[PDB]
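In the form deposited in one PDB entry, a lone chain appears below as structure tokens.
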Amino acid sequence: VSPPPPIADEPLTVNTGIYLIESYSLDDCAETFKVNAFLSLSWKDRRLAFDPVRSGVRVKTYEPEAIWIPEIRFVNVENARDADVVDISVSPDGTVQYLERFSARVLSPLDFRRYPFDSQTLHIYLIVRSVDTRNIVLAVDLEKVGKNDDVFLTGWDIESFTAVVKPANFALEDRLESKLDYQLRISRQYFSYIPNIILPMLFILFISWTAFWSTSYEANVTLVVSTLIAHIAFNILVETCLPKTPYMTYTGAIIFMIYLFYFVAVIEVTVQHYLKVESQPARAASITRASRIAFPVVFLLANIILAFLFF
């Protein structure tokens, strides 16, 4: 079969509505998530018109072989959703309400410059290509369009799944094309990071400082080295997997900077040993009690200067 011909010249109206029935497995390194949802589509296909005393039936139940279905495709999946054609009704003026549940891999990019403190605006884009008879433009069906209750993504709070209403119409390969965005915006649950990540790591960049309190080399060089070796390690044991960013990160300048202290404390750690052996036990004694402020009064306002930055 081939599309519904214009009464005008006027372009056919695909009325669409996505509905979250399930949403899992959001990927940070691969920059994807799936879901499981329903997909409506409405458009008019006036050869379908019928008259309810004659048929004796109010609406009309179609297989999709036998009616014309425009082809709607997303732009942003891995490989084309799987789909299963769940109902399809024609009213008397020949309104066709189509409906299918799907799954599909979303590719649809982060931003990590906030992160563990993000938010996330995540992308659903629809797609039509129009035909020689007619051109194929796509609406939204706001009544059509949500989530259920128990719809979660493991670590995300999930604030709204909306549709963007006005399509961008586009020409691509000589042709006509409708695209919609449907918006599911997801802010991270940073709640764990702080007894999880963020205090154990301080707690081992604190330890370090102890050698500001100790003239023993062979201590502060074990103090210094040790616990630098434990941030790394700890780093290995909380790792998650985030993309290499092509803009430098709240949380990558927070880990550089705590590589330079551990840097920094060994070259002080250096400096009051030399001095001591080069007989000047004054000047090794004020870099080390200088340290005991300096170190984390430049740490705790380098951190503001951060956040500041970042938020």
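By rigid core we mean the largest C-alpha set that fits within 1.5 Å across both forms. Numbering follows the first chain given and starts at 1. Compared with the form deposited in another entry:
Considering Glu71, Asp149, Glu173, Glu239, one residue stands apart with a C-alpha shift of at least 2 Å between these two forms following superposition on the core, and it is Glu239.
Target state, the form deposited in another entry; input state, the form deposited in one PDB entry:
No partner chains or extra molecules come along with it, only the chain itself.
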């Protein structure tokens, strides 16, 4: 077979629709997610038109190999989609209604800047290449774009699944390609990060500050150094859940800044001891007493500045 010929000189319009059945495996490091959906296609092929009466039937059913089917492909899939044709219907005027069901691993970049309070726009790009006989163009049938209410993405809130109606028409290797952008809007469920990372990380930091109510160098060194090690453990744990970004993430910035606090705390603890040994506890006591206020204050201020820069 070959493509439906033009009546007048017009491009062939392939109407499309994606209906999400399942969404799973949003992998932050790989920047991929897996989808399981219906793909619907619709186009006019006049060669397939018929008389309702001489057949006695309102619609005709075909097998894929029997008719011409436009070669619709996904741009951003890892390995080309697993596809099962569900139904092919032809109406009297030769309007074809194709329905497949597929599953794919979609590669879509994520913006980690506000992690874990980030929102993402995942994209599924539909595409078609024009042939020599005629030019093919994609369109969105809004009636056939949706998601079943059971669709869930573990650790995320699904906001919407919509399509940008106007295709992106452009030339690639001397042929026209018509590209569609289906968008899945999601936002991260930051809840668990509070009792699992943020709060534990703040507790160990506050514990380090008890060194400001102690004159025991040996105890202070144990406090500050031990808590610093627990901070390293959380830092390492966090970096395991994320890809390496060429920018600072919100959490990443908080985590980095905290190292500076531990470093300055070690200096204070060192200075206090040095002064104590040099028989000048009064200077030492001033620095420690200032530290009790300066540390929580500078910490609270730096965090406000950061939240501001990031949100």
